[PDB]
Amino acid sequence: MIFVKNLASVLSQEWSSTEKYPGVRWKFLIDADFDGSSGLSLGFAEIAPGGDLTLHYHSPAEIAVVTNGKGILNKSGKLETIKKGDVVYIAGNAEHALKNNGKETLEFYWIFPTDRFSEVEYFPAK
């Protein structure tokens, strides 16, 4: 089983969002609920200017691949700047946030070692 996706592929999928991540939206591109894939899952997120993926963690490791714009990554309390062309490693349980303080859309893919997004349990900062 092999397949290809881009944003246009999922025009029909409405965006996901939540009060807790204001200015943030996302769609699933590789996910067991959608594609019947397994082992890895991937979504595409947008953080609007002024937007904030607020400090959180979860049990699986995560990789973010930044594709547009720039932001302040919050590495469990140490701030660092990220931008298009960066990849990021977030070990499980590690608290991370990402704010878009620029004027361009901060776009990135994420990846989890799981079949589905929905099997990933989110927790607010301690």
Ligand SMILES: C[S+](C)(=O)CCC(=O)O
Contents of the next structure:
Protein chains: 2
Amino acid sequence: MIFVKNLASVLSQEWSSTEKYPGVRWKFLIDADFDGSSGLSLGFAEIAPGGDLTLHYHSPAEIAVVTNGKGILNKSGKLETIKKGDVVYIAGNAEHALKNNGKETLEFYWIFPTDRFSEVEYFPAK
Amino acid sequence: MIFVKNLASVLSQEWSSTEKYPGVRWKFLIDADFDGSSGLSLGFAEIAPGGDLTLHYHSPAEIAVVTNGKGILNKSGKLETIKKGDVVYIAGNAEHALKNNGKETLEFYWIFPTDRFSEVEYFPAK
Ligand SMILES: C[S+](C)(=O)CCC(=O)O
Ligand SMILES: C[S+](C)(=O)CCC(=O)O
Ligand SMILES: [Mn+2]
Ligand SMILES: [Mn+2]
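I've shown you the form deposited without the named molecule. Could you give me the structure of the form solved in complex with the named molecule?
Expanding to the full complex; the earlier chain stays at the top.
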């Protein structure tokens, strides 16, 4: 199994979102629930201006690849700005958040060492 | 740990290359041999015009995130063009290759579900 995905390829998948996290939306691009892939899973997320992926944690390690815009990464209390061209490593169960305070949409891929997103349990930090 | 890394952040690290992959060079941005991260590892690769990452396989699944240029992905014998904005899933042990026959550099990140790149044993294929 080898395959290529982009936003055009997942046009017929609806965006995921929740009232719990205003301004945040996501799609699944490499994911066992859609593709039968395994070992790694990847999604594409957008954070609108003012949106906040609030402080949370989850057991798998995570990489984010920032593809557009800029934001403020909350590294368990220590803030650092991120932007297009950055990659982010987040250790498993490390508390992190991401806020968009710019003009552009903050867009990024996330990657988990899991077969799929839906088996990752998200916990709010507080 | 949580950290951020971009090409500028690894200026200190010389490009890696190998004779078997002409016109291919890479750096390690998230890697236990460099960072003490764990669970996922990520590098950045450039394939110069004419360069060829020849047909090979390795046991871990792999994701590629194409950030610039165009390339010809060999999917175990079936070709597909990839370009900026694409992501690629390569199942563990699936045979794959990536050629650049364009005029601009083909740039991508790769991600493995390993702590470090040196945990990935590469095998040549057909
Ligand atoms: C934008 S998502 C799909 O909630 C996942 C983002 C994250 O885990 O940091
Ligand atoms: C650029 S590398 C790390 O030599 C090979 C990348 C790959 O496994 O496809
Ligand atoms: Mn997260
Ligand atoms: Mn490979």
